[PDB]
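One chain follows as structure tokens, the form deposited without ligand IND.
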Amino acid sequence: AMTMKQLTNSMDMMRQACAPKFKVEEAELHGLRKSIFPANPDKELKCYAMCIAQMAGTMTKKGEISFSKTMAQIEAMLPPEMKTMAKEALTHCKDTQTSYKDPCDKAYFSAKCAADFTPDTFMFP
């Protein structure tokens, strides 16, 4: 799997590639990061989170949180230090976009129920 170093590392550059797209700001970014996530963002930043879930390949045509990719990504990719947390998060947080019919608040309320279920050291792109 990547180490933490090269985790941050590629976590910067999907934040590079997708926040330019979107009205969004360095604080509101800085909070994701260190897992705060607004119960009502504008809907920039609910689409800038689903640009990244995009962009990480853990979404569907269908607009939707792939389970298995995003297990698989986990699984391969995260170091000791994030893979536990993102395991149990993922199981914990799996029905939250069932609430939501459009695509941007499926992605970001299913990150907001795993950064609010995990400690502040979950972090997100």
Given for the second form:
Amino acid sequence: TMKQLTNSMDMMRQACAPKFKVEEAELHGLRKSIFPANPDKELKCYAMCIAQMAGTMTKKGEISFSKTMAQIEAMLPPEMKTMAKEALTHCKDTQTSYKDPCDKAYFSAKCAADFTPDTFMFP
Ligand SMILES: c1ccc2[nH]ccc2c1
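Next block, the form solved in complex with ligand IND, ref. the form deposited without ligand IND:
Then the entire complex follows, led off by the chain already shown.
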């Protein structure tokens, strides 16, 4: 149900957010696909914390396509799996443009948020 998904996301937020000096409005906006254009590293590294928590960012700091697909199939309602997978496919190479894995995580999520703002949700 959406409550199971939302509660899951809140859990990840609560584990990651305290470790970073994020601005409250900026953190809140991510849940509804509102991604600041050029935020400070606190918000970007929060996004990495979340990716690592979802187990989709490796130790080496790459975002795994297969692991993100699997998370999509497990966590999303059947009516949302298709756009999420299309978003992932559209944004799969965003990470190759950034050396810093906080940028990799943040701008890959931002890519997905820009691509499908009506559906994307971030912890
Ligand atoms: C940021 C970027 C890519 C991601 N895949 C799963 C979580 C996540 C967060």
